[PDB]
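**Q** Here are the chains, one letter per residue:
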Amino acid sequence: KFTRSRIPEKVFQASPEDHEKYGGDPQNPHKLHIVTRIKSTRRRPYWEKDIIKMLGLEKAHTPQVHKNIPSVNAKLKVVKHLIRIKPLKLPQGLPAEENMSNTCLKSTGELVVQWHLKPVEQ
Amino acid sequence: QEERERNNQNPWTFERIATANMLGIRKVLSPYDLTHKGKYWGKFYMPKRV
Amino acid sequence: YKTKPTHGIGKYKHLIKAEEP
Amino acid sequence: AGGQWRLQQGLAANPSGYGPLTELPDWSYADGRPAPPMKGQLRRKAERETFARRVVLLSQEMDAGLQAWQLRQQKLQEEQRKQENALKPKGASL
Amino acid sequence: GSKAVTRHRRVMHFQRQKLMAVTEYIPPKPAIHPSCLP
Amino acid sequence: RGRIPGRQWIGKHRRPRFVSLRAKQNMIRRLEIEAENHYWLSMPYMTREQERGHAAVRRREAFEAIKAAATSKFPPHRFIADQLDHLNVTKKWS
RNA sequence: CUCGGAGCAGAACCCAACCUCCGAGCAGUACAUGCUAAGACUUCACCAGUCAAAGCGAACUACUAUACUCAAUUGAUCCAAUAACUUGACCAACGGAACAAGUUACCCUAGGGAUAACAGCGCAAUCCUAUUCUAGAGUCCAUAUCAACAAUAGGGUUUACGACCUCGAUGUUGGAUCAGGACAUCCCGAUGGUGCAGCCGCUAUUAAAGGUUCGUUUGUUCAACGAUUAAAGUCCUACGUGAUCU
RNA sequence: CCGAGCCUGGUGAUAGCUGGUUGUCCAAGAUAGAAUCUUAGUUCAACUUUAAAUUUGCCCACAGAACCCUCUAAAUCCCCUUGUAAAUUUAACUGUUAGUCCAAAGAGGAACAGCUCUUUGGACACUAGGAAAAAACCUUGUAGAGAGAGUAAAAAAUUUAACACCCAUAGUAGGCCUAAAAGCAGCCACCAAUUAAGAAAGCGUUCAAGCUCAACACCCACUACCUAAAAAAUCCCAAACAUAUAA
RNA sequence: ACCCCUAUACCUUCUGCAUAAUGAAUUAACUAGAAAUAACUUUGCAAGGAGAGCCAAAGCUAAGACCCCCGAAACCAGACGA
Ligand SMILES: [K+]
Ligand SMILES: [K+]
Ligand SMILES: [K+]
Ligand SMILES: [K+]
Ligand SMILES: [K+]
Ligand SMILES: [K+]
Ligand SMILES: [K+]
Ligand SMILES: [K+]
Ligand SMILES: [K+]
Ligand SMILES: [K+]
Ligand SMILES: [K+]
Ligand SMILES: [K+]
Ligand SMILES: [K+]
Ligand SMILES: [Mg+2]
Ligand SMILES: [Mg+2]
Ligand SMILES: [Mg+2]
Ligand SMILES: [Mg+2]
Ligand SMILES: [Mg+2]
Ligand SMILES: [Mg+2]
Ligand SMILES: [Mg+2]
Ligand SMILES: [Mg+2]
Ligand SMILES: [Mg+2]
Ligand SMILES: [Mg+2]
Ligand SMILES: [Mg+2]
Ligand SMILES: [Mg+2]
Ligand SMILES: [Mg+2]
Ligand SMILES: [Mg+2]
Ligand SMILES: [Mg+2]
Ligand SMILES: [Mg+2]
Ligand SMILES: [Mg+2]
Ligand SMILES: [Mg+2]
Ligand SMILES: [Mg+2]
Ligand SMILES: [Mg+2]
Ligand SMILES: [Mg+2]
Ligand SMILES: [Mg+2]
Ligand SMILES: [Mg+2]
Ligand SMILES: [Mg+2]
Ligand SMILES: [Mg+2]
Ligand SMILES: [Mg+2]
Ligand SMILES: [Mg+2]
Ligand SMILES: [Mg+2]
Ligand SMILES: [Mg+2]
Ligand SMILES: [Mg+2]
Ligand SMILES: [Mg+2]
Ligand SMILES: [Mg+2]
Ligand SMILES: [Mg+2]
Ligand SMILES: [Mg+2]
Ligand SMILES: [Mg+2]
Ligand SMILES: [Mg+2]
Ligand SMILES: [Mg+2]
Ligand SMILES: [Mg+2]
Ligand SMILES: [Mg+2]
Ligand SMILES: [Mg+2]
Ligand SMILES: [Mg+2]
Ligand SMILES: [Mg+2]
Ligand SMILES: [Mg+2]
Ligand SMILES: [Mg+2]
Ligand SMILES: [Mg+2]
Ligand SMILES: [Mg+2]
Ligand SMILES: [Mg+2]
Ligand SMILES: [Mg+2]
Ligand SMILES: [Mg+2]
Ligand SMILES: [Mg+2]
Ligand SMILES: [Mg+2]
Ligand SMILES: [Mg+2]
Ligand SMILES: [Mg+2]
Ligand SMILES: [Mg+2]
Ligand SMILES: [Mg+2]
Ligand SMILES: [Mg+2]
Ligand SMILES: [Mg+2]
Ligand SMILES: [Mg+2]
Ligand SMILES: [Mg+2]
Ligand SMILES: [Mg+2]
Ligand SMILES: [Mg+2]
Ligand SMILES: [Mg+2]
Ligand SMILES: [Mg+2]
Ligand SMILES: [Mg+2]
Ligand SMILES: [Mg+2]
Ligand SMILES: [Mg+2]
Ligand SMILES: [Mg+2]
Ligand SMILES: [Mg+2]
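Residue numbers (the entry's author numbering), protein chains in the order written: chain BG, 35 to 156; chain BU, 202 to 251; chain Bw, 48 to 68; chain Ba, 23 to 116; chain BP, 29 to 66; chain Be, 9 to 102.
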């Protein structure tokens, strides 16, 4: 019978080789996720369809930010085959009230607080 | 056979993908495939599978 | 329960000689 | 075509995504007066702002939650010290 | 349909069939063939 | 002369299907994406103990809005002007 | 054909087959198995069924004593019997119609390819063929020839199975007529082997251009028989072909 | 036009059965079972729809849920947090209750079926792309216009059987058994001559002869020690290509 | 205009129909959803409502809004027919 899958915890234990490959820092884990759905929920069990709705991933290729906490990660582990998970990067820190309207999320996962639409002078 | 599994240069193995439910592959696999690891299909045994 | 670590705590027939005429 | 190359340069895979080719105004008045913002760009500006505010809201909740947990741990440590004090022992030890 | 165990080799699902092809054994390939070295 | 008994893709005897070169590459490409997802789920920012209760206030207030909207259902107000304006259908020039 | 236990259904519940097994239509002991009443369970509805603290009244200061032991151990309404209490069906087709069997090819109507006979299709148990294996037979000799126990493939001609198309119709044997095709070749051609002297044969490779009889009996396909022939081949074609015929 | 006439009337007989059922637009919408002279139907549940009330619903952390027993199964139940926005109750009803394939755990058959029966999930009975055509596999869903753009799934690979050369005397026809057994029908031993050769590994002879192998010598045979085919009936079946920087 | 590219009529019935399942030559005309019980919605009046009856522990009165067509073989009565 096809039932829900229990993923062993050994799968989610990063080796030192993995850290070098992906550049993550285990001592400074990223605060937020960037979850994007890249696979259809059709031809998948209903519990995967429901979790996608809970995460706000109804529309594919639409980035969504979620907190890097065990409860949120538990939902991600169920539909990890339908999504792309990337860490959110803040080169200039969190957006402030002054630059709320000048933010953009680049394809590299970086949220830039200034977006001038001009070439760099350097 | 143990040597073949040790020096296997393929980054992807049946055991790793099936146990981790990668790609949702367990929707087309069997619960016995968690322990057979792709070496057995029905009554048939495939010695070349690693 | 089976999955719990306390599985089989109530087993007693393995301590008794099998009397099956 | 060339979606992967654009990703390697930090650009959007689809050229219609973020960038000067899309977000810049398509036209302006001949005398130089700027045109009103395009309705598509207004939708993206509002959608980006909500995403930016959600990032701040999630970050502040985790920061506040971490402080609350740390505050509880500090409070728990102090409670153990107070219970140690009691009446002076007597009897055999005196 | 057919049961889990069949006398003939049952046709695998295409998703499973692609998994078998991807996870084939790849023997290590030396940079220089051993017969070409002393 | 070569025909598949019954339907092609169902039954005991099926038309064989073979994995092309690009079929393998597509599966490997998606396998690499999921492998990176495993890495980013291995480093939670907070533990389960620290996470507890950090968003209870917002969640409770969010549901109170749902309750408020659910219990606010009522017929709309009715105005005299709306009823009287129907007399304008026979308005004529003098 | 109703009810209960176990497997299928391995761990909360549930879960079918004209599925695999074992049983029930009682018995025994009490005579407070008296009355009443929170909160619950429930056989996937309902009906029905199940457990119950407290309290009243008893028992009791020995009695695993307080809703008997026991798994199922059973039947609604109406109605009938009775002063009352209460009782009454193998209504077993067991949610039960108060009481009604055969036959129809003399048949009719409404439908159904939701469902059989016909053909197609699926399948290959059965049937057929090849190869692998080398016990045995062939005086000796496994492989001239034949072949056991088994193994791996293939064919879709037999008998079955399934019920997918057709019941606001897809007309059945055999024959006549015309034949199309397959080769797993009966004859004719070309070859290998032989337990091939020759003459006749056996076996295998290759070959589908050509040919493959007339009659007695039988509705016959067959089969038996007569006389021949270089030979009187095996099958498919909606068991080829009835808007061509019988 | 008689298994019992015909006409009229009851009669608009009845039909769980078949057929048909008329303007535009949008929205929600595929559903465990139980009983039934019942399985071609109905009623109650379930599911679905509308309106309404007010409050948790779903996803789930530990802790927790059986002994008997062969599979020490995949899992489930419970469940705060969290991510989410639904859920229950009240009022009023209809329809669905003749199911198909795929994956998985099983049962029946033949470890047959496009077979049959359950369970978990998917898809179909809705869109579009792909696997050639294609309900059931893959990709993908929320709707319009565009002579823009990035992508998803998405093309079938493979071609196999050479092999050594050279050389051989002898105790002795070992004993026993046996008509005969002489290396080679059985039994026992399996010692020894020659630098070198088993009281004989495979053939052969009625028994013996006879032909090989294991010996010496010569000498770099300086070997792979992983395997195997084909046949159907109208007419093969896209055309083709081994070479220009992986997109 | 055609040539190019794309496209398996419709209704019904079904698990599923281009289906070689059903009906249809075509035109015009004719030919098929009738209502209580409550409930809902909108007025009136209000512990009363209603133009005797009836209902009423916010009810009551009034209105709006839901329920098809064709077809048997038969049965019976009374006539008419050798
Ligand atoms: K088939
Ligand atoms: K009955
Ligand atoms: K069969
Ligand atoms: K028929
Ligand atoms: K011929
Ligand atoms: K005759
Ligand atoms: K019926
Ligand atoms: K001898
Ligand atoms: K029709
Ligand atoms: K019909
Ligand atoms: K057809
Ligand atoms: K049809
Ligand atoms: K027909
Ligand atoms: Mg199965
Ligand atoms: Mg076909
Ligand atoms: Mg059980
Ligand atoms: Mg259940
Ligand atoms: Mg119940
Ligand atoms: Mg009591
Ligand atoms: Mg009954
Ligand atoms: Mg019952
Ligand atoms: Mg009755
Ligand atoms: Mg007769
Ligand atoms: Mg009659
Ligand atoms: Mg009839
Ligand atoms: Mg049928
Ligand atoms: Mg049926
Ligand atoms: Mg017929
Ligand atoms: Mg048939
Ligand atoms: Mg036919
Ligand atoms: Mg076959
Ligand atoms: Mg012999
Ligand atoms: Mg011989
Ligand atoms: Mg066989
Ligand atoms: Mg046939
Ligand atoms: Mg069937
Ligand atoms: Mg017809
Ligand atoms: Mg004929
Ligand atoms: Mg012919
Ligand atoms: Mg031939
Ligand atoms: Mg041939
Ligand atoms: Mg000739
Ligand atoms: Mg010769
Ligand atoms: Mg015929
Ligand atoms: Mg004809
Ligand atoms: Mg005929
Ligand atoms: Mg007459
Ligand atoms: Mg009628
Ligand atoms: Mg009837
Ligand atoms: Mg809709
Ligand atoms: Mg009855
Ligand atoms: Mg029914
Ligand atoms: Mg639940
Ligand atoms: Mg909860
Ligand atoms: Mg109803
Ligand atoms: Mg079926
Ligand atoms: Mg289903
Ligand atoms: Mg239907
Ligand atoms: Mg297509
Ligand atoms: Mg869209
Ligand atoms: Mg000697
Ligand atoms: Mg001797
Ligand atoms: Mg001899
Ligand atoms: Mg010897
Ligand atoms: Mg000799
Ligand atoms: Mg030699
Ligand atoms: Mg061609
Ligand atoms: Mg083409
Ligand atoms: Mg076309
Ligand atoms: Mg049908
Ligand atoms: Mg079609
Ligand atoms: Mg036609
Ligand atoms: Mg038609
Ligand atoms: Mg019909
Ligand atoms: Mg007409
Ligand atoms: Mg009406
Ligand atoms: Mg009405
Ligand atoms: Mg009619
Ligand atoms: Mg009568
Ligand atoms: Mg009469
Ligand atoms: Mg007369």
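By construction, these hints were calculated from the structure, which means they are not laboratory data. Worth double-checking, as some hints may not be accurate.
Here are the simulated PhoX-like pairs of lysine-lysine, each with C-alpha atoms no more than 20 angstroms apart in a straight line [said to hold, decoys possible]:
| no. | chain 1 | residue 1 | chain 2 | residue 2 |
| --- | --- | --- | --- | --- |
| 1 | BG | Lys109 | BU | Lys249 |
| 2 | Be | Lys81 | BU | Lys228 |
| 3 | BG | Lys35 | BP | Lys57 |
Calculated Cβ distances over 12 angstroms to all of chain BG for the following chain Be residues [claimed, not checked]:
| no. | residue |
| --- | --- |
| 4 | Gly10 |
| 5 | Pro13 |
| 6 | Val27 |
| 7 | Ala31 |
| 8 | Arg38 |
| 9 | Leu39 |
| 10 | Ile41 |
| 11 | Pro52 |
| 12 | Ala76 |
| 13 | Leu92 |
| 14 | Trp101 |
Where is the CB? At the ideal position from N, CA and C, for every residue including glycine.
**Q** May I ask which of the numbered hints given earlier this structure violates, with the numbers listed in increasing order?
**A** Of the numbered hints, 1, 2, 3, 8, 9, 10 and 11 do not hold.
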